[PDB]
Amino acid sequence: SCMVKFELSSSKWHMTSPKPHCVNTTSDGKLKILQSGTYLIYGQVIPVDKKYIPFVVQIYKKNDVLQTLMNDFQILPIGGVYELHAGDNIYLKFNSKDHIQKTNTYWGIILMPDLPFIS
Amino acid sequence: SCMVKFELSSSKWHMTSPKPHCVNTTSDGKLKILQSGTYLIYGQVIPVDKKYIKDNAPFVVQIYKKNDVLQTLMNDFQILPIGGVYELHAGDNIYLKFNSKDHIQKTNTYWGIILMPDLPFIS
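Line order of the protein sequences matches chains E and R.
Residue numbers for the first sequence, in the UniProt record's numbering: 51 to 103, 108 to 173.
In this text, residue positions in the second sequence follow the UniProt record's numbering: the first is 51, and each later residue adds one.
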């Protein structure tokens with residue numbers, strides 16, 4: 051049972067244990083997958099109000119883009135269900151760091167349980 | 051340990067157990083929350099390509115909790131992750147509403163919830 055959540059406001063990860071078995075976390079908000087499996091990558095990137103300012111966020115897996123999101127400076131949930139392999143680095147890239155409200159912005163992963171049963 | 055995933059293509063829920071303790075599910079893809087707690091609501095809504103949409107109705111998805119709007123999402127007909135971490139209470143219902151059902155590609159569109167473990171350790 052393995053879940054981590056990075057809070058951009060404090061730059062700290064909140065975690066299910068001191069040394070989650072499924073992932074290593076970095077203070078720069080990156081992570082490295084230790085256990086191959088099905089993961090839910092998740093998070094909300096909250097933009098600042100436009101009066102202060108394209109709003110773009112990418113999720114990377116190693117050196118390749120896993121997901122690209124864009125909108126007109128509105129709340130942006132990120133992620134989805136992915137098959138990840140031990141060794142994979144997962145991290146976010148922003149178009150402009152200044153677009154991002156740190157308060158309330160967060161992201162993370164959870165190793166998923168199997169879902170064998172149907173409706 | 052309690053997670054459910056609704057696949058719009060089959061209209062079936064895939065679940066951690068035959069009868070998840072934390073929710074009841076409906077065959078039209080709605081949830082009733084049975085256990086108060088911290089949940090991660092998740093999913094991806096895949097829109098039909100904008101080139102095929104011949105008017106100017108926007109692509110909008112909302113998640114409702116009872117009769118409160120939990121979140122409203124819009125983009126220019128691109129893949130749309132949804133959800134986040136929310137405190138839900140016993141008795142809450144959760145469901146989605148789309149601005150137009152015909153904007154939605156059934157294949158690969160899915161959503162669901164997972165009862166979250168406590169995250170007491172900070173580093």
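Just to be clear, a hint being listed does not mean it is correct.
[Unchecked claim] If you want the footprint, here are the derived chain R segments under chain E, 3+ residues with CB under 8 angstroms:
{"id": "1", "segment": "68–77"}
{"id": "2", "segment": "121–129"}
{"id": "3", "segment": "137–148"}
[Claimed, not checked] Below, a sample of chain E positions facing chain R; criterion: calculated Cβ distance under 8 angstroms:
{"id": "4", "residue": "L58"}
{"id": "5", "residue": "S61"}
{"id": "6", "residue": "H64"}
{"id": "7", "residue": "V119"}
{"id": "8", "residue": "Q128"}
{"id": "9", "residue": "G133"}
{"id": "10", "residue": "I154"}
The hints are simulated quantities; they were obtained by calculation from the structure and are not laboratory data.
Positions of the beta carbon are idealized from the N, C-alpha and C atoms, including for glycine.
Now for the hints, and whether the structure bears them out:
Given as covered by chain E, the segment 68–77 of chain R passes the check, having 3 residues with a CB less than 8 angstroms from a CB of that chain where 3 are the minimum. Here the segment 121–129 of chain R counts 7 residues with a CB under 8 angstroms from a CB of chain E, which clears the bar of 3, and the coverage holds. Figure legend: the segment 137–148 of chain R, annotated as covered by chain E; annotation inconsistent (0 residues with Cβ-Cβ distances under 8 angstroms, at least 3 required). Below 8 angstroms, beta-carbon pairs count as interface contacts, and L58(E) has none with chain R, the closest being about 14 angstroms; its hint is therefore violated.
At a threshold of 8 angstroms, the smallest CB-CB gap from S61(E) to chain R is about 10 angstroms, leaving the interface hint violated. Evaluation of the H64(E) hint against chain R yields a held restraint, the C-beta minimum of about 4 angstroms falling below 8 angstroms. This hint is violated: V119(E) has a C-beta 13 angstroms from the nearest C-beta of chain R, more than the 8 angstroms allowed. Look at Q128(E): its Cβ gets to within about 7 angstroms of chain R, closer than 8 angstroms, so that hint holds up.
For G133(E), the suggested interface contact is upheld, since its CB lies about 5 angstroms from the closest CB of chain R, less than 8 angstroms. Annotation: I154(E) was flagged as interfacial toward chain R, and the flag is violated, the nearest CB pair being 16 angstroms apart, outside 8 angstroms.
Checked against the numbered hints above, the structure violates hints 3, 4, 5, 7 and 10; every other hint is satisfied.
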